[PDB]
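In structure tokens, one chain follows: the form deposited without the named molecule.
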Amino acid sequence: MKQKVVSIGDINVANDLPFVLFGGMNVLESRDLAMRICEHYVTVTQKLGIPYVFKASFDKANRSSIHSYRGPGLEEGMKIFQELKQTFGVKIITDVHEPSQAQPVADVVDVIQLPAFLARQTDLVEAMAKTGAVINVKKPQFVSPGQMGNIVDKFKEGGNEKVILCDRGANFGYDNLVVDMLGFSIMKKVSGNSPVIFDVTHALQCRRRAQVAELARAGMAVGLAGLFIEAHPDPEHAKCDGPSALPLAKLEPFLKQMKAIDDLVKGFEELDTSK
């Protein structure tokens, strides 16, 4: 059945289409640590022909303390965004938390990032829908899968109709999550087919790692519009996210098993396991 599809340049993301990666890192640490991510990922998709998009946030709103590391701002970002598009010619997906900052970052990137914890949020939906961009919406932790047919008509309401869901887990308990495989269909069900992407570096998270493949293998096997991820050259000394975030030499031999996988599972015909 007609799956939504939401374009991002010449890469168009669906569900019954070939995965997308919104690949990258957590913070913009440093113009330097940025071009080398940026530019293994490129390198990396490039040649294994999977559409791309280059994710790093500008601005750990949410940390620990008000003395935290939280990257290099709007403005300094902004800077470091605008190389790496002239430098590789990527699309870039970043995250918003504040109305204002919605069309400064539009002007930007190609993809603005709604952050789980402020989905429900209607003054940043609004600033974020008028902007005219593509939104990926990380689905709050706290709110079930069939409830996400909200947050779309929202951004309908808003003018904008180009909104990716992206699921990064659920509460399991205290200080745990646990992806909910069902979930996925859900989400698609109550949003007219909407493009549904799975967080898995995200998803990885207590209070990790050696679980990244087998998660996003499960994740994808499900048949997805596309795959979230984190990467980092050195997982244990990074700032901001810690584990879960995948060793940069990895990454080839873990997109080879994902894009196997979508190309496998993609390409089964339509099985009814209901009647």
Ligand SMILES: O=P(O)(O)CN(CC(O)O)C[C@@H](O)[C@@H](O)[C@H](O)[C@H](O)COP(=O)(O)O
Given for the second form:
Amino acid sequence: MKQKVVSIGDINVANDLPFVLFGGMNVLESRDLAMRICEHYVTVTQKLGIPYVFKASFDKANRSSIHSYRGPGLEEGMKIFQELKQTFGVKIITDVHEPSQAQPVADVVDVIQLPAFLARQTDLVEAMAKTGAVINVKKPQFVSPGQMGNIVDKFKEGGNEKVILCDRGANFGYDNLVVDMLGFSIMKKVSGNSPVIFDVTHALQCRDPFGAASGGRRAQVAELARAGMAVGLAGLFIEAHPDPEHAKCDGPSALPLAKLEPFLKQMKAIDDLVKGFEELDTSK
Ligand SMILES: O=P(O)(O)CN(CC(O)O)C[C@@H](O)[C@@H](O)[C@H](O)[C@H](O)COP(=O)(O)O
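How about the form deposited with the named molecule bound, since we already have the form deposited without the named molecule?
The next block holds the full complex; its first chain is the one shown before.
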């Protein structure tokens, strides 16, 4: 069949419609810190005719505590969207954490998210259901692709239907992740041909590192982000920062802000012909 299409503005994501770019950075460090990041992405998109949605997060939840750089916080967090927002009128995306706030957030932003850890959590699947917006599903590293119909079905069961599926790799042995480029279709099928998007950033982090033959970071984001692209996805997901990030030079992994352009050009040419190629198959 053809692929379902959740429409994010003049941007329409679809497994046959060009790899939409879902850029951003990690923890929302500073109202203007971001600009460097918005502005610099914004450009490259249009220069290369890649669509753009901006990824941004406002809270802690994950890692260091009691406050340990807990993120801008809701109240003053949402404010900062509205600036990058109109400054270039942009489609943004924020992960929520606990139900209540599944309405505030769902205002200044375009593509709300449901963090891996509360994936199969129901009451947030609902608290967003009581919204009807564009949701992004963070596919847990412990779930078989085949289990994505049990996050989607129920979303629709929540009234909300406008769903998206994001893959962050899956775990492989203690502390390490991997991706099976063969898990993208399986997710397509089990999930009403919903768009399938690759979080190239979180994904390979524990991947680059498999201690011994690694033990000091190092990066290969495009190298892996081209695999996604040559299988045929809806689009990518990446986070950047000048010198890597404050929340990615220690958190997970990231991408050099101004190295970003020829990355996409790799991802545009590669995608280019793949989204071209007239549908084939080898089950006969
Ligand atoms: O399983 P998840 O992706 O929800 C959590 N992990 C998976 C991993 O590779 O350890 C991903 C990120 O959320 C985590 O790396 C980040 O470092 C954390 O959220 C924030 O870090 P920081 O800004 O320095 O306070």
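Numbering follows the first chain given and starts at 1. Throughout, rigid core stands for the largest set of C-alpha atoms superposing within 1.5 Å between the two forms.
### Task
Determine, with the core as the superposition reference, the one member of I50, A238, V42, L248 that shifts its CA by 2 Å or more between the two forms.
Just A238.
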